[PDB]
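Notes follow the structure.
Yeah, one chain of the complex is gone here, protein chain that is, but the others are all in their spots.
By letter and in written order, the chains are A, B and C; residue numbering begins at 1 in each of them.
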Amino acid sequence: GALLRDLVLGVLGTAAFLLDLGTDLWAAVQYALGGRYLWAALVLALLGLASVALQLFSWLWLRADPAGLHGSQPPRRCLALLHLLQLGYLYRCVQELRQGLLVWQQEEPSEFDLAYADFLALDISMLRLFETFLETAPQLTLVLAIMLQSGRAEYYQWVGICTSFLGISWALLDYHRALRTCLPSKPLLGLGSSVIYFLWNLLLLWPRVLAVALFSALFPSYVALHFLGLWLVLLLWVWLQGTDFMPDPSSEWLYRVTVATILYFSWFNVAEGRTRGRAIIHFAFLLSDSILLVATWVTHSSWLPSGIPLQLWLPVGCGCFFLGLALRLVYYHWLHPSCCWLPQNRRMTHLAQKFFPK
Amino acid sequence: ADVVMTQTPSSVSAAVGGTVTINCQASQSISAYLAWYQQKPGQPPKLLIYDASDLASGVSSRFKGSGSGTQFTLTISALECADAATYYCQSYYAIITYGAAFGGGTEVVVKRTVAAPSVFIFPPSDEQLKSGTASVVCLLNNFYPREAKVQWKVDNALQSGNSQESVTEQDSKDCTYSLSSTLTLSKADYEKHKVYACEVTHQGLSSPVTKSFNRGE
Amino acid sequence: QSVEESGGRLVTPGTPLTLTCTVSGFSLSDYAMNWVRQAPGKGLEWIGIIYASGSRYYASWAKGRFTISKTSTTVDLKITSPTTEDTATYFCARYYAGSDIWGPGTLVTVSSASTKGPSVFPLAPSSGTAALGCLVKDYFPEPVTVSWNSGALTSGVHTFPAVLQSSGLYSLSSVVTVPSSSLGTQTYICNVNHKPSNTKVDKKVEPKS
Partner (left out) sequence: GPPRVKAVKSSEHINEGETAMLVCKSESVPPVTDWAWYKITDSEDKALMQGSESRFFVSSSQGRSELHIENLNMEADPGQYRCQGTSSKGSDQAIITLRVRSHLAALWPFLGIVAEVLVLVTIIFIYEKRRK
């Protein structure tokens, strides 16, 4: 039943990704055909940048990959162009889907083939996490800012925010699933731990997105400077920190950039094993920035059209923040197993080991 | 720098008895110094609301202005057919420094029930031929919605580029439209062909209506 | 309390032009006056304002291109160098709170073409309600007024807005629907008036045998 579960979950995940991309393109087309071209240009640029980063990540991973992945129907030469054409992610998805389908169809495939399928699933999970924090979060913030600024919310925008929510949920659940699966003996009920992890992560992530959206709608010309400054500071922090995630040392600039970007929205373990120090510092920084943005919105209150109910969304945001903090404390202090320390996915092992210090 | 007014949406529709809203966004703080105007086609505009909320003299209570700062909104209720017109906002906050720029305009279209168009055709008069030009007129009368397609067929041939359409605004009494299509041809071509038809397609027509005539007959 | 503009006409690009707005029922020393223009089928552009004390303020885009002045009873708006982009209807408006009292407006056309009288042709009634009308074709510049039976027939009168033609002259038709039994007994005459060419034409529209 494990093979069936893995294949169905992978199909659901790829379907969700496809849906997110489709709704994003639909919203861009709607904006372009209905009016202002700046919104369409912004979403197109954001999507392109996220896609370029993902393609570079996948290409670098395949290049660094040692002897393996021999079931590559497209020639290595063709593979590079395929990834270059923003088709590397889709290639990984279809590769995992085909591998899982073949494994399931076979009466009992060899453990080597099973391990290969697991390797593909772990790699796609990592890419899903990077893709969600690099595209869904910025897209969600942009959509919310556009809605709060224009004042006219549409069905396509509502569908886009709901799809973004579903994508973030699946991405976080799958990432925690992989992290807990890379640890030996699986002694705890991983489904519950993954559910609570995703719950607190999304509960504290949403308020940050809402705050950034409010700031963007109140001062669209300062978002660039604000994001660049915070992103540069986070990048410098990562530079001061240790990073040995992928074999290529020079190519790690992409990893540090992605880590800084994901840190700009939530918490993502970087390295070492000392916790409660950097997590607390990060939480204080995030809280201060969110409070500052909220204060700016309050100061320039009468500056947006009467669209989405803010006197109703804000209390929900504060409640979600409190609930997320409580659940995060519960999951970290008590419900957090560590367990200490054939192709084996060393990237996932690296992350899991740096995620479970004890 | 002159204050620029951003009036949205460009068009807005509602059924008889409904309610519409229009938003005007000022480039800077204008406090409560925004006036609303209603301009009907041809006639001069008419002041509806001043100081962003005070109703003008002799104006029905259906019009209600709200807002302040940089965001204002006009709302109409129990929409009658006599409300079909273009509405404009205008800032007058310290005109000596920011001017009094007007809004882009908001065409308010009432949505009545569907009405089939009465089709009539008019051949060119002998005097116009004496002059040396022939104009055939196809008149679509008292219909709704506004979208309708008129097609000119001369000896079963589909014409294009030698005709001109004109559409009137919504009637104040029954919210209906009227449209004229004026096919223009020289004397020679007019005498060349024989049968002239006007294929009219509209939502209120379950089948394309074709009014036609024969030259001479 | 009312106002009435005058001075609209056709002029060649560059020739100056002065429009006059005559108030009635109030003094110009106790109220300000605005000048607002509107291009054909466009929105309203605010041109300028003259206060009661005499201070004059002009819109940013119109600085220098216009000049406002006033006497004890009329307000004058002079255009120093009209361009093709200066053809529009001009309204004068009393400024109290916004602009309450407005004028009928005068049309100013700036083009190189010359004036041309209108040609009127009858749209004979077809053969329980018949339609018939008058085709006002090949005239310039705007506007032309059409009335039925000296203004005694208004119900069912549809005057279509004019449209630019290939030749560059305007054309429009004025149609009207009437009871079919009245075609034999009631005389329908259309009265077209084109002030820019001083052309008055009363054309009867008789039915066809």
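One rule holds for everything that comes next: a contact is a pair of C-beta atoms (placed from the backbone, for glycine too) under 8 Å apart; a residue touches a chain by one contact, two chains touch by 3 or more.
J.: Taking the entire complex into account, which one of C:62, C:97 or C:169 touches the absent chain?
T.: Selected residue, touching the omitted chain: C:97.
J.: Please identify which residue in A:285, A:303, A:331 or A:332 touches the non-displayed chain.
T.: The missing chain is touched by A:285.
J.: Would you mind spotting which of B:12, B:32 or B:81 touches the chain that isn't drawn?
T.: Of all options in B:12, B:32 or B:81, contact with the hidden chain holds for B:32.
J.: Of the listed residues C:52, C:62 or C:153, which contacts the missing chain in the full complex?
T.: Selected residue, touching the omitted chain: C:52.
J.: State which residues belonging to chain B touch the missing partner chain.
T.: 28-29, 31-33, 51, 93-94, 96-98
J.: Would you write out the residues of chain C that touch the absent chain, in ascending order?
T.: Against the left-out chain, chain C lists 30-32, 51-53, 55, 96-97.
J.: Name, in rising order, the residues on chain A that touch the hidden chain in the full complex.
T.: Against the missing chain, chain A presents residues 215, 219, 222, 225-226, 229-230, 233, 236-237, 240-241, 277, 281, 285, 288-289, 292-293, 295-296, 299.
Heads up, the rule we're going with is that only the chains that are shown with their structure count from here on.
J.: Could you let me know which interface, A-B or B-C, is made of more C-beta pairs in contact?
T.: More contacting C-beta pairs are found at B-C.
J.: Provide the C-alpha centroid distance between chain B and chain C, rounded to the nearest whole angstrom.
T.: 18
J.: Taking each chain's centre as its mean C-alpha position, how far apart are chain A and chain B in Å?
T.: Each chain's C-alpha centroid was found; their separation is 50 Å.
J.: Write out the stretch or stretches of chain C touching chain B in their complex.
T.: 34, 36, 43-46, 49, 55, 57, 59-61, 91, 95, 97-100, 102-105, 119, 121-124, 126, 131, 133, 135, 137, 158-163, 165, 171-173, 175, 177
J.: Can you name the residues of chain B that touch chain A in the complex?
T.: Touching chain A: residues 8-9, 23, 25, 68-71, 73 of chain B.
J.: Along chain B, where are the residues that touch chain C in the complex?
T.: Checking each residue of chain B against chain C gives 1-2, 35, 37, 39, 41, 44-47, 50-51, 54, 56-57, 88, 90, 92, 95-96, 99-105, 120-125, 127-128, 131, 133, 135, 137, 139, 141, 164-168, 178, 180, 182, 184.
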